[PDB]
Amino acid sequence: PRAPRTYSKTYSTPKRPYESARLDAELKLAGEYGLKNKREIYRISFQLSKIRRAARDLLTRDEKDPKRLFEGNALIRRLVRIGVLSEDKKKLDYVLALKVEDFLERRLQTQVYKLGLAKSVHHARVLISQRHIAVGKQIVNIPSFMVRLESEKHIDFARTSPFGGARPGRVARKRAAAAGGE
Amino acid sequence: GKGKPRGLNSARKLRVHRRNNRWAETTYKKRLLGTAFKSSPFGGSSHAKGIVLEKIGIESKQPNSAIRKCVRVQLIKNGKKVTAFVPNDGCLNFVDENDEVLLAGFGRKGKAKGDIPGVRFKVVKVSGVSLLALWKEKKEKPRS
Amino acid sequence: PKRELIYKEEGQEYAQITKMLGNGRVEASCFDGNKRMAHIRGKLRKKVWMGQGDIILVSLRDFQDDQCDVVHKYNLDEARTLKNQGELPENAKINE
Amino acid sequence: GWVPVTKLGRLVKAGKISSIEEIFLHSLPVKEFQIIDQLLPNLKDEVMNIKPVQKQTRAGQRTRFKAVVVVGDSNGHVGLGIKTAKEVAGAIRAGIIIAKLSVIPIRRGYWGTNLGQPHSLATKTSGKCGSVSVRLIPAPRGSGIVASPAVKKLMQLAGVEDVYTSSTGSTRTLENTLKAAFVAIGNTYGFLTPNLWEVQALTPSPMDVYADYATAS
Amino acid sequence: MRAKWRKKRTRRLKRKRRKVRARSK
Amino acid sequence: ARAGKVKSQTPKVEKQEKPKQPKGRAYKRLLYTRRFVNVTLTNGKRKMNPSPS
RNA sequence: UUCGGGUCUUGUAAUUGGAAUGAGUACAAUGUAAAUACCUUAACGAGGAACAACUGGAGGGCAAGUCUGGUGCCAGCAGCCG
RNA sequence: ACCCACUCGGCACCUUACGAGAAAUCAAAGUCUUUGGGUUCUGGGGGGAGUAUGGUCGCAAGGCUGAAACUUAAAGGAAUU
Ligand SMILES: [Mg+2]
Ligand SMILES: [Mg+2]
Ligand SMILES: [Mg+2]
Ligand SMILES: [Mg+2]
Ligand SMILES: [Mg+2]
Ligand SMILES: [Mg+2]
Ligand SMILES: [Mg+2]
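Line by line, the protein sequences are chains A, B, C, D, E and F. The first sequence maps to residues 2 to 183 in UniProt numbering. The second sequence maps to residues 2 to 145 in UniProt numbering. The third sequence maps to residues 22 to 117 in UniProt numbering. The fourth sequence maps to residues 39 to 255 in UniProt numbering. The fifth sequence maps to residues 1 to 25 in UniProt numbering. The sixth sequence maps to residues 9 to 61 in UniProt numbering.
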């Protein structure tokens, strides 16, 4: 009889399974951003949709009306923080025009790739999974982390691991050992 | 015009009329009369276990011709006798007389499948093990 | 040009038509002891036409014995030949 | 090359008509497909389907192929062509031409607040052909085309970015549906909206300004 | 079969049924 | 027996020991390469599984 | 003038090369009522035969073959059309 | 009593639809995705079946009321060569 825990399904499947063009688009997207699943894409889409729902609702209310002024503004701020909206477009009307690419071009994946540190997206992903790459001296394991624009300045290798300068570890170490008494 | 009443105080008529009409919608009727419990061999349930009486080959409907390999089953829960199709090429010789079998529906919601006349049920599991598993040779039938 | 007579294999039986039932079914008195409800299986619905007291090569259904398949048909000469060879118990009379 | 019958065609060839806009304005009948080509260089041609269409004779049956073609850019211009011929390629080609000939303008509009560049339709518009009624509804930005794939393609061709649909009747007979959609699209111009209230000039037609350039002498 | 004839047949059947019922009673 | 004859008849052909497919994100990458990076041999109507005959 | 260097970019080969890693194990220390497990970590822990992804499909609906054997209105498949 | 012209009410009809409709056709079967004048009744794939049963009304024949199991991928409409 303890208080229930809240779950939420964070993605939504397409309403039509084998829409070929759509499928191809999805594939292309995956290729672009080193996505393990269509599931990731779906998640992103769902997120976008949620935002859109909010925005539309806000629009439906009169402009300069309190609720719109507040909630909508907050949403806009959030978007700007995340780095999906640009400073030109703090508008709420522009929130509807966002599209899936802007969210994917903001993952700790893509960001990692686009700052050096990588050589292709797959490599970056591997690095992320492998516990290389820290943000604010905090090692991030998550490929789809959503880099918060002000933290984007701080993406670097960890103080642990090689690459960012510590003990080589595992394979290199083994090699060294082998070299040692020979 | 339009057959329905429209007036701001009609409401009741709209309700009652709708209720009356609803009975022409078959699914609704089924739900309300409770024909899933009173009739139907499965007691409104997704699956049922039964004991194999005998193995019967059934001749398919027209355009087609082939002996289908079904099984006459008597269900444990009520005692009603039903025909159940045994899917896949071998499989009929996995069954035998006096064997406990798990039957699902066919996939037509009470109606008969394809060309097999009077058969409304699949065979899923014999003596506790999946037919598919047996067929693919992933497990063996642990006698009866 | 001539046709050949084909002998019965294991799971097969020589039968005679007793009566015309309908829907593609024939009551067959098998030369074994049993009088079975022999269902005409696909191939002989098409062209190979039955009579009344004709000899038919019946394939026995392994799991269910009262119902059986009909595979092949013989005329009168063929029947006689079979009798001579000792394939049939002697009562095969085809002259219609 | 090309040598034109019809005055309009001749005018087009001359260069006296700069855009199809003028033609649209003066409701001038486009009867040569080359005019369209000249004036709209950027037309994408989408073949919707090819279906068999049969006629019983004493010996066998004559089968013909019905080609349904939609044509357009992304700037409010669409054509729809139905053509039956025995050869499939030929049918397709003819259909394309027909579509081009048809080509219609679209009243693209805003959902709410005219922020920048119209995305949707200006009004809720319906079109009816056969039994198929296709209702098209102005959608908010970034909602996409919400349509049965056939209609969706047409919408895309037209250049509508965001639109809701409510296709009713026997939509499965695709040709009819397409026709209905086309009709609906057409209807967008011909709706008298408050931002069109005020009376204008009535310009002399390009068929009358350049009457001398018309006719081969 | 004509619908009228079917109806007639049904009626005939019903007469017999009625008779049977009466007998039972 | 009438039942299960075709299966019995068929020659028991064994699966060839192959190099394993790179499962996951790698697989997706591979697919992408096959389709939209290489764009190898395009007929107009771009085919997926062509027959070797 | 025929090549071709291929100066630049791509894919494919049981070719070959150093790097990276947690899945496991495991000193410890956390954790904990005492423990598990997590999070943290000394030590071990990757080269195809491994540290092997399955589940369903490839006529249409509906993404994907008129490839190769077998079967021959049979065995079967097929929600529907077949 | 005719004749002409107008006018209400009626049985219809003729031609066009600019409207409807799947079409045959329709001055309503129009003023319906540009959907709301007021209202009563009836239908919700085809069979089973206007059957079974229970009422009720009939001297009786019958009427009014009226199922389900099960069955089936069509039954139908208008037009086409
Ligand atoms: Mg570490
Ligand atoms: Mg497989
Ligand atoms: Mg299969
Ligand atoms: Mg296959
Ligand atoms: Mg396909
Ligand atoms: Mg009904
Ligand atoms: Mg008719």
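Hints should not be assumed to be uniformly reliable.
Claimed, not checked - Cβ-Cβ distance ranges computed for the label pairs, FRET-style:
id, chain 1, residue 1, chain 2, residue 2, range
1, B, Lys112, C, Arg24, 51 to 61 Å
2, A, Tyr8, D, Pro187, 29 to 39 Å
3, D, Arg173, B, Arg109, 26 to 36 Å
Just so you know, the hints here were simulated from the structure itself, not pulled from any lab data. Quick reminder that beta carbons are idealized off the backbone N, C-alpha and C, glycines included.
Each hint tested on the structure:
At roughly 46 Å, the beta carbons of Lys112 (chain B) and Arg24 (chain C) sit outside the given window of 51 to 61 Å. Separation of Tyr8 (chain A) from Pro187 (chain D) is about 35 Å and conforms to the stated range, judged on CB atoms against 29 to 39 Å. For the pair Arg173 (chain D) and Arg109 (chain B), the supplied restraint of 26 to 36 Å holds, since their beta-carbon distance comes to about 35 Å.
Checked against the numbered hints given earlier, this structure breaks only hint 1.
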